[PDB]
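Student: The primary structure of each chain is shown beneath.
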Amino acid sequence: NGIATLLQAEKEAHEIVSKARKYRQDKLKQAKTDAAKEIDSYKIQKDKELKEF
Amino acid sequence: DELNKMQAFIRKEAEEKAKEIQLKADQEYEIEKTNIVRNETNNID
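Those protein sequences? They're chains A and B, same order as listed.
With the working numbering, the residue at position 10 of the first sequence is 1180, and numbering never jumps.
With the working numbering, the residue at position 32 of the second sequence is 27, and numbering never jumps.
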């Protein structure tokens, strides 16, 4: 019925909200990976001084 | 029906609440991973 159709739409909203949680988690993980590259670059800069030495 | 719609809406609200919780937890994990990245940089250092 009409009320049953609204339940499916509301249930689909939960999947969309859950999908947004996965996207939000992935974005933060990518941000963490970006911070790892900066840490590696700083370590590479320190290793550059060792190479210069 | 109407009862299922309320339950689905509650699940949608819970999923929306979980989305904010997941984003907040992931943001904290990203900061924690950055600290772990510093330890990895120290190991590289």
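Be aware that a few hints might be false.
What the hints assert, rightly or not - When the alpha-carbon atoms are kept at most 20 Å apart in a straight line, the in silico PhoX-like pairs for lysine-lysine are as follows: (1) A:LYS1181 / A:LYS1199; (2) A:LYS1181 / B:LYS0; (3) A:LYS1213 / A:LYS1202; (4) A:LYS1181 / B:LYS12; (5) B:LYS0 / A:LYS1199; (6) B:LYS12 / A:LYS1189; (7) A:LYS1202 / A:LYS1192; (8) A:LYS1207 / A:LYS1189.
To be verified - Partial pick of chain A residues on the chain B-facing surface, computed with a CB cut under 10 Å: (9) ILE1173; (10) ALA1174; (11) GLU1180; (12) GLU1182; (13) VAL1187; (14) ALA1205; (15) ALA1206; (16) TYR1212; (17) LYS1216; (18) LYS1221.
Stated by the list, open to error - Using C-beta positions, here's what the derived DEER-type ranges look like: (19) B:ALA20 / A:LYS1221: 35 to 43 Å; (20) B:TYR24 / A:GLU1219: 30 to 38 Å; (21) A:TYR1212 / B:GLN2: 45 to 53 Å.
If you are wondering where the hints come from, they were derived from the structure by calculation, not from laboratory data.
A virtual CB, placed ideally from N, CA and C, is assigned to each residue, including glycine.
Student: Give a verdict on every hint.
Tutor: For each hint, the structure was consulted:
1. A:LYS1181 / A:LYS1199: Answer violated: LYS1181 of chain A to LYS1199 of chain A is near 27 Å, above 20 Å.
2. A:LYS1181 / B:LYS0: 8 Å, holds
3. A:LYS1213 / A:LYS1202: Roughly 17 Å separates the two Cα atoms, so the pair holds.
4. A:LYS1181 / B:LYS12: Measuring from Cα to Cα gives roughly 14 Å; hence the hint holds.
5. B:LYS0 / A:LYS1199: 34 Å, violated
6. B:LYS12 / A:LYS1189: 12 Å, holds
7. A:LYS1202 / A:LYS1192: 15 Å, holds
8. A:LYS1207 / A:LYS1189: 27 Å, violated
9. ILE1173: 4 Å, holds
10. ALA1174: 5 Å, holds
11. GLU1180: 4 Å, holds
12. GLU1182: 8 Å, holds
13. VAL1187: 4 Å, holds
14. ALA1205: For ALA1205 of chain A, the interface hint holds, since the closest Cβ of chain B sits about 4 Å away, which is under 10 Å.
15. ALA1206: Interface hint status for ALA1206 of chain A: holds (4 Å vs cutoff 10 Å).
16. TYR1212: 6 Å, holds
17. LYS1216: 5 Å, holds
18. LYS1221: 14 Å, violated
19. B:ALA20 / A:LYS1221: 35 to 43 Å: About 40 Å separates the Cβ atoms of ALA20 of chain B and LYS1221 of chain A, which means 35 to 43 Å holds.
20. B:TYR24 / A:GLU1219: 30 to 38 Å: Holds, at about 32 Å.
21. A:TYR1212 / B:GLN2: 45 to 53 Å: The hinted range 45 to 53 Å holds for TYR1212 of chain A and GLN2 of chain B, with Cβ atoms some 51 Å apart.
Against the hints set out earlier in the document, violations occur for numbers 1, 5, 8, 18.
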